[PDB]
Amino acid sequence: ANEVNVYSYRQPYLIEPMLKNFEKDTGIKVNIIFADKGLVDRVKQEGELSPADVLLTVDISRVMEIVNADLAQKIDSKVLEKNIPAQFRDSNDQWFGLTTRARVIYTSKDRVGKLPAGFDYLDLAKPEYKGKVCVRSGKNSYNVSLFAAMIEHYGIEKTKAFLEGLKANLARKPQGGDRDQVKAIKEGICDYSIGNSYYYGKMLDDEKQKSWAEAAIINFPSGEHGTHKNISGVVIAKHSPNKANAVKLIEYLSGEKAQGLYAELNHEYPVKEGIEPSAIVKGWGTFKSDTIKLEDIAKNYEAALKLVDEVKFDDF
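Which structure does this chain take on its own in the form described as "open conformation" in its entry title, if you write just that chain?
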């Protein structure tokens, strides 16, 4: 044992409970380094001497930043294979999803209500939604990843046409984050937004923002390819000094002792099949998740960035 060093983009309080439980079960000391927007630079600068064991981050774009900075090592683990569905881990064994986040469509509770069953992201590009849609910058990773999935499913031409239609329907210049779009729904600026599911929980947890969530309905797209999921996950650092402990830790985080808790704390979904979401998350509804591999989203990420620039999505 001795220890394991977790460099985390995610705030320590959102990961500490499961790490404390791991410590109790194994006797392995878990050190948390809050690398924040750090994280690649810090580990790269620390180089061969870096104590980093587990790199914990959020969004496939950040996972790819780590992999593409040559900071990952390949891990062969039957536990990770069994616990994590293949779509939420690397076929090339360098990264592993631990939770998912759904990119959903929020609607005005009063002015729209629940979306009809069958509603797709694609429907937001239809002319009837002109002036009614709020989305943050198209270059934001949450959106680029969604568009990358669309490239996989539909190709660049159809995705480009979608982006053009979506742009045409925006109520305002893309601005702010996902929560800001729901604030805009609350204030009647728009009736539809795209945003991550977990924000609904985060807003309800906040005294000011709860009214934003209360004015909106969370809708899980239910077209052909269902609801887009992105991930939080982990990578074992290239120069991990406590590799065995590190692998033990991520195996633990992938399993039934940690999955429910970790997802619950973050209002996310567990990756491990059979683990329930929290009561609050479950209450938002059940839905079909896209089966697309996150590595295929990563593959199309650059093309999606290119398409966003081509259509000048943020230009109003």
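Having seen the form described as "open conformation" in its entry title, I'd like the form described as "closed conformation" in its entry title now, please.
Partners and other molecules omitted; one chain follows.
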């Protein structure tokens, strides 16, 4: 066959455009399965008979789970070397970042306005925000990786206290995704949410959700450690049965065209130097990105997940 088998943690609407362009431009057929969980364990249990070629991630911690479990292989590509800056790929060539995203704080336009300079994630645990914060499941990987970064910066005790305070301030039982929290802001249920940056652009582009975005302000935390960054990523599976095609896919996704699609269609930040963000994303302005090393986020993921369970974050 002339195919590549993709296991995707990315949502269809945020990856199918790139994959369809890849199919058209290369002639390689994409077979894709989607999930929110269980794909790493699936590759592991499938073992040497796994058909997986490419694992698409939305989180550095998932990437490292795959790589640490010896489920990846090293890819030595001059195309990836050129297209992906070194800070967004494994020094040992087993994973590759394709975009970055910020986990931001959305606020009610009407009831909060823009956050002041210096506002940090930690501030969301302060008693003045009781009943005013919406967050999706604390066990969602975007949240766990944020909390993992917080462990690196503040330690486990202060991060646990933060999670207790954040939980205490929730306006409702964690439910829905990042966009749904912004709907809740629009409807007046909460005044603050945590969510990824690109969703704001997706909502603005959606006729049914632009009113949600219009009721909210995107804020990039500007405390000591700035705004949390994470990546969409990719690994080629250890036993990739269509490895040449897999390499062609990840090389394609790293290229000028696909990076432009990530920027323009997804409102993510491309990794490739020289590729501009969308007009919407540019309009948000710049911000201070956390300088934490991507691997040091992942290092703390399991501890962060344990904290989320300990504080029973999702139990209202």
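If you superpose the two forms and keep the largest set of C-alpha atoms that fall within 1.5 Å, you have the rigid core. Positions refer to the first chain, counted from 1.
| query | Once you align the rigid core, which of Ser77, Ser222, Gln175, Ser141 turns out to move its Cα at least 2 Å between these two forms? | reply | Shifted by 2 Å or more: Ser77 only.
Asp191: with the rigid core matched between these two forms, does its Cα shift 2 Å or more? No: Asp191 shifts by under 2 Å between these two forms.
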